[PDB]
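J.: The residues making up each chain are set out below.
Number of protein chains: 2
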Amino acid sequence: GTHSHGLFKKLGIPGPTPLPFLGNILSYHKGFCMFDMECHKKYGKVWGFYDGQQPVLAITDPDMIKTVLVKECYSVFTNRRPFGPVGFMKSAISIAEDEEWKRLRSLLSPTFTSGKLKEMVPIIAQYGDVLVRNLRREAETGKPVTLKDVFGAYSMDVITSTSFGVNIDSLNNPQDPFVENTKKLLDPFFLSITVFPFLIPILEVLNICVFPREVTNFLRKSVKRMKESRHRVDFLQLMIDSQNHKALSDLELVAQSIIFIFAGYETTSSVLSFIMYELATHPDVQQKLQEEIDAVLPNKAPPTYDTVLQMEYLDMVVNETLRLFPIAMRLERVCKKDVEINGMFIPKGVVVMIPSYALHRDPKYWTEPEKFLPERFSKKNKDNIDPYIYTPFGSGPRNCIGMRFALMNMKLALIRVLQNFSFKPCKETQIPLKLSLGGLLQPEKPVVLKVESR
Amino acid sequence: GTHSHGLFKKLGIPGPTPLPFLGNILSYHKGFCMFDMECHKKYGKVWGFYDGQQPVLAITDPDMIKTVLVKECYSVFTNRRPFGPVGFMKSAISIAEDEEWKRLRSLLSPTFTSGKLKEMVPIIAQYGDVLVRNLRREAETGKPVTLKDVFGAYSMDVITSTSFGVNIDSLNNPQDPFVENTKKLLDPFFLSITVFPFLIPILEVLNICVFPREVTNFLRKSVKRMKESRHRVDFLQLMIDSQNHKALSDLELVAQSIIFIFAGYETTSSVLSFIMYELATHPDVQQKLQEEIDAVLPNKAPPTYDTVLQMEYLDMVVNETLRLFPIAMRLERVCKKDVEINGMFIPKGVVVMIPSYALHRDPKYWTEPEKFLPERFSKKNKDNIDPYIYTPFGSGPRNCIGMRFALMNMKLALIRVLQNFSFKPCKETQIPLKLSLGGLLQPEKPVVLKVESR
Ligand code: HEM
Ligand code: HEM
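Protein sequence lines, in the order shown, are assigned to chains A and B. Under full-length UniProt numbering, the residues of the first sequence are numbered 26 to 211, 217 to 260, 267 to 280, 287 to 496, in order. Under full-length UniProt numbering, the residues of the second sequence are numbered 26 to 211, 217 to 260, 267 to 280, 287 to 496, in order.
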């Protein structure tokens, strides 16, 4: 009942009063983010609450954040909170724990170097052209456009060709066998889990594998097919070459490819939607970005790896968007052993949590946090931003391994789209933007905007 | 179903074919010991089987046994198999794991030194006299005696005064408040657990604490009472003094005292019964032991610590009994990480098992294993006994911490009993002795013998 609910009272840590069995989960009615900001505003730098019986400790002090994410990663704060009915996804790098995660991180780290990324941009760029070609049609109809569907088809085009070498236009090919199987995904089951964490083992024995055994065996056979028939430059080849610590197994290969698919579709499509909202509701910013793009890329020259990393205002626009909308919302680590960090006893089993969304909007570090102002990230003001307040990709050894790939993928899309189109709010546009009430950082209403052709 | 049942086939390890869900548990119909001997006789030095979905690897090679118990204890084979609905018993030394066990083992190790044991023998000896005084009555009735009840009352007399300083004659005081609460214990639930290990978490959330919340709070209040009112020489005082790593908590104190109670009652009473059976069915041995006792202890002098450790034939009789009847039956360790030991890959999560009972009766190391022959442990033949075949108290850092205390407690009882009585088989005596068909090493029928007075 209230088994471990006396933990934060005994340590003298403040926080909302938990209910028996439920803990503080009813306080999620306003959203993960609004709960984090309220607890921040009403308790200060550190507070605690309970996801059911699971005690969660929020910290907002930069030095303590650095200690948890960097200084004591391998020793105390190595793993994230487990775990829904896992299946074979236990071998996924973002799921793996302790030395198995360390093994996977080192086997996959060379795959995300700038050298391998630079070799992926000619393929990624090919679907930027496909993107504008499908945008040209939906724009000439002369009526608002749902960016979630055009960026979604784009994001899937990129991940299918970067993960396996499958080159298909998703929007105009409604059902390639690969496209549909990848679209087979995916509340309130997620809150049932945190309040019934003891029922997770039962889902394993019931053969209730979270992923459909059809799509799972489809990818596992698609990969082993691909393995057989096989100078390719996709994530699969980069992982097959690393098989010739201890090399990756074939099932471990499927697990990582599944992760990248999940990693790319939700994030990049949603962040591209947030950027286009901000660009459309701040026309002066949209114009300055297009003027910069036309400068480095004359007469709509194709963007390359080197020309992308040269665009400073583009990087300022991406970073300021990722401040207002950090899609991960939270950072989490489990405390492996009793530790004292920066004058504070953290007992074993506690989940330490960094409220990224709340920190990106705290008036202590940001002037007028609610306004979209790219000038915060100019070279002049970039220096006074604490890299442990602003953590859109986490930090430390377990930060986002695909950060460079995601920034490069989104910028290549933004450049090609802004070279050809302008974006204005229409009447269906939700202004101001409201965030979804659920447990994901996405717009409450799908972003709809006017698209004109240059 | 057969989720992990393909493990030993993939590694080329032999063993009985498992059934879906059940594994090899139906093969326990003859007993843990008969299953171990059959698998030993039918597979050689190493085999495997499944307790439900849990793979168990048996090993019988002495070098491999030394590597698992001693050489790689801290690194690979530190913990035992978990765990029924545990409750606060997670802080018990025999339940604790990894560094928490190491902490408890070092805090409790000084309590079991020979110095502290030597200070406990005047108290232990007091109830040896109480033992014969209750044996004198049940013998003068002139009819067979159930040793389980006289050794049981003796064993409880010893553990109550050694763990807390409570000095009561249990047999003639049917219900002292302490005696009854300790007697509140304790199939087929145990086999349900191994075939439904995923239902163990549900027993925790249902507040189904394995131990009655009445006796649990009784001891916890009995100890905290004892703590308050308090030159005493019991296990509690030795643990209270150690509170003045990090010192033991009050609830940790209750957890260890509960363990010693469980450790002493079942074992010592049952081993004393086995010894008296063997003494009664081998009168020549019983006479030679009494002749030795009368030599070192003239005219029935009281046994002391130094006079006990001087008796060689007594130690030979105890050791030969513990060979035929090793009450722990098995030794078990969980493999923490992938390891290679003595030319063999042991994957993570496997339970490595030493079949002590089967090794103590293997014709490879023992001539005529089924016969009770104390001469195997004479100084002449003691040298050629491998300390990893004969493991009545385990071995390595996690062996029986109370071995010296148990040997001293049983010998003090044997000496005082043999100074006064002789033991012959009666008609109710089960000859030959049969072992219980369940999952405990105890006689199938209670041992009943004739008792005469010297
Ligand atoms: C806008 C896009 C993205 C954002 C904002 C983002 C952000 C994040 C964040 C905040 C974390 C947690 C880091 C931590 O806990 O400290 C993370 C982890 C991770 N991300 Fe991303 N991510 C993005 C896209 C991607 C992509 C495209 C990939 C791969 C193709 C990827 C792969 C991963 C992996 C594997 C991890 C876990 C690494 C580990 O546990 O060792 N992410 N990401
Ligand atoms: C005839 C009597 C006894 C026998 C044959 C016996 C045998 C054993 C065996 C075989 C083990 C397992 C060792 C291993 O896994 O390697 C063990 C463990 C243990 N025994 Fe005993 N035992 C006896 C009595 C006692 C008594 C009287 C106590 C305490 C008062 C005790 C306390 C313990 C503890 C605490 C452990 C676990 C130690 C740890 O996990 O670190 N035992 N015993």
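Misleading hints may appear alongside valid ones.
Repeated chains share a single entry, so a pair holds when one copy, or any two copies, can fit it.
[To be verified] Cross-link-like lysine-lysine pairs, in silico, DSSO-like; alpha carbons within 30 Å at most: (1) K379 / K254; (2) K209 / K34; (3) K35 / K127; (4) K115 / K390; (5) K35 / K115; (6) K67 / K379; (7) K378 / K115.
If you're looking for bench data, these hints aren't it; they were derived computationally from the structure.
J.: Take the hints in turn and mark each one as holding or not.
T.: Now for the hints, and whether the structure bears them out:
1. Proximity of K379 and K254 under a CA criterion of 30 Å is satisfied inter-copy only: 29 Å between copies versus 41 Å inside one chain copy.
2. With identical chains, the CA atoms of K209 and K34 are never at most 30 Å apart, being 45 Å at best within one copy and 35 Å at best between copies.
3. Taking the closest pair of Cα atoms, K35 and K127 come within 30 Å of each other only across two copies (26 Å); inside a single copy the shortest separation is 35 Å, beyond that limit.
4. For the homomeric pair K115 and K390, the shortest alpha-carbon distances inside one copy (22 Å) and between copies (14 Å) are both at most 30 Å.
5. Taking the closest pair of Cα atoms, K35 and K115 come within 30 Å of each other only across two copies (20 Å); inside a single copy the shortest separation is 35 Å, beyond that limit.
6. Proximity of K67 and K379 under a CA criterion of 30 Å is satisfied intra-copy only: 29 Å inside one chain copy versus 45 Å between copies.
7. In this homomeric assembly, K378 and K115 come within 30 Å of each other (Cα to Cα) both inside a single copy, at 18 Å, and across copies, at 17 Å.
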